[PDB]
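Before anything else, here's the structure in question.
Of the protein chains in this complex, all but one are displayed in their positions.
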Amino acid sequence: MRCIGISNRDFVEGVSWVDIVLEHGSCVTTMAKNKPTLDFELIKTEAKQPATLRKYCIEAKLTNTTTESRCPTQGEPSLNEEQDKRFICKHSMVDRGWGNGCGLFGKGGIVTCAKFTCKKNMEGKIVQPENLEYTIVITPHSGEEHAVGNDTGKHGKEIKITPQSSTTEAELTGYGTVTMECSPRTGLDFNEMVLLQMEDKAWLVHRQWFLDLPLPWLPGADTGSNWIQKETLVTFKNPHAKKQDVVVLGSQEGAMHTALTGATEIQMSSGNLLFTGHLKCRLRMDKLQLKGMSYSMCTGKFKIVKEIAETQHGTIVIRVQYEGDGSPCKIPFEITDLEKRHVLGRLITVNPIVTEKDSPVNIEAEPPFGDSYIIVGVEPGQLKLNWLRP
Amino acid sequence: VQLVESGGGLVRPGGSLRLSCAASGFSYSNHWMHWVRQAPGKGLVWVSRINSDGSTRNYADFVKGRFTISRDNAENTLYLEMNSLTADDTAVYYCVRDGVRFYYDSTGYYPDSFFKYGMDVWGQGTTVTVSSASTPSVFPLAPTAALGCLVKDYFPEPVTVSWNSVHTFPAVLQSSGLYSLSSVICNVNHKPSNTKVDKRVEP
Partner (left out) sequence: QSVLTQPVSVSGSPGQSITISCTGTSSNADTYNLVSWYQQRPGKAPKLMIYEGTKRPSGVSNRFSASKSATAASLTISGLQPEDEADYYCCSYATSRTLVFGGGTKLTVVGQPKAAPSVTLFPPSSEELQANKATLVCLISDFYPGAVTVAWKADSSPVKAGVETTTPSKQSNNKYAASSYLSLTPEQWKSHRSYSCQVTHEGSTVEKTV
């Protein structure tokens, strides 16, 4: 009942084993003769054992700037910050003289150090294809008053599948078991591909390309303070041999996005991904059975507790409450012509039943084009509802 | 030639303060400037220094990075931004010029190791008081013979002591940010808190 309200909803019917394609945004309603109607939706995709290859700094900050100079023939200057790996140091030569603070004229050694602090970073994760955990929700068409489009899934069974553990038997309380045999149909294989995660965005890039970016980096082994290649974003300036100055090279964030145009993009969300790739599954209804079926028809009348609404697919949803006696009971349902001659509408919510009288039942069915009569219950007080379908 | 400090006053422990010094009568932009402090009745303590550019800023080991020295050459101003202040930071803070380095390096830029210096121009100093409470307990000092009263943990100064309605010592400021003194029946008056204590002292 979870798929009701979703536009990208596929209606799949099986002869007596059926093939379904699940994707993010997609929803599949499965139907089989004498088998309960089920709603399948891919809710989560997660790379479960990612190995950080490298972490690149795209935005750098230079703080705690220290400088030391020596007069000519007084030796190379030295700061204790040189030994500190969080700092970037560079030695240079400056013109020294009498009006400068030196007894003798000549080139005097200068040293500038600055603390390299990363503001924003990029992470390159290498994902094993077999380690992509897919979370699928199997929501049966239980009529249950809250079931209709209920995201919480307290109505549907949550099942986890990986490209390799593709065969799973899922137990649906009151319906039996459904056997699912999946296979991933990803746009690009993760063989020689690095999942380049930025912040809220992700891409799939060639390994060598990723390892060749001229940016400061930390290895997967040091996820750390000692950034390798700080020089790729840090530049030292001394153009008149008067003063040495340290300068950052500015945020490479936007620059990166431009280089990542000719790359496969993915929607990211803190460890979990909204992958474009499909998931081709095969499922068997052999061990599935309708809840009740051995039940007797409802002797009493029904009460339409919510306005009949039409879904984006032309199907209609009706919420009815039982006012009679007999529960657990079986709802008599029929969609016939204006003259009550032949039955015309297809029932989506197969075998509609009443569990508790107090609890309403949501029945979904495909009404025929034009004028139809929705008949819910039996005589007397039989709900006669006229319907329009252009 | 003058140096005028501003920004000193009462600050709560863990609090922040910005000291500001105005310089005049010399080429400010070409001189190194220093901050020196002095705890009440105690010794001079070097705090920080800055070169002409601001490219070199050095600090004493007690300022673990809590204070930041800065300058505005065009405005002839020196600053000391102070954070995470404690009772050990209570002092008069002096703005000081290194007039002798100017004689060797007229740029005031080069941070040569152990260079010739001399703090020749000092401001009047600005008072910083780092204290917790905003606004005493009296104990007898039992005994010719000397006897007295110990007046513990009060704020602010002063306390006055009389005997039977004599030397009363100056107060010490404890690490707690509270004062204590001694006087050698004692009548202890602490006008700021509107409290008065009479203590009989017996052998």
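Each chain gets a letter, A and B, in the order it is written, and its residues are counted from 1.
Simple rule for what comes next: contacts are C-beta pairs under 8 Å (C-beta built on N, C-alpha and C of every residue); 3 or more make two chains touch, one makes a residue touch a chain.
Note on the undisplayed chain: of the listed residues B:10, B:11 or B:171, the one touching it is B:171. Among B:7, B:140, B:156 or B:158, only B:140 touches the chain left out of the display.
Even with one chain removed from view, subunit B keeps its contact list with that chain: residues 34, 36, 41-46, 49, 56, 58-61, 94, 100, 111, 113-114, 116-120, 122-125, 137, 139-142, 146, 148, 150, 152, 167, 169-174, 180-182, 184.
Just so we're on the same page, only the chains that are shown with their structure count from here on.
Taking the mean of the C-alpha atoms as each chain's centre, subunit A and subunit B sit 59 Å apart. Contact residues on subunit A toward subunit B in their complex (touch as defined above): 65-71, 77, 94, 96, 99-101, 243, 245. Looking at the complex, you find that subunit B touches subunit A at residues 53, 55-56, 101, 104-107, 109-113, 115.
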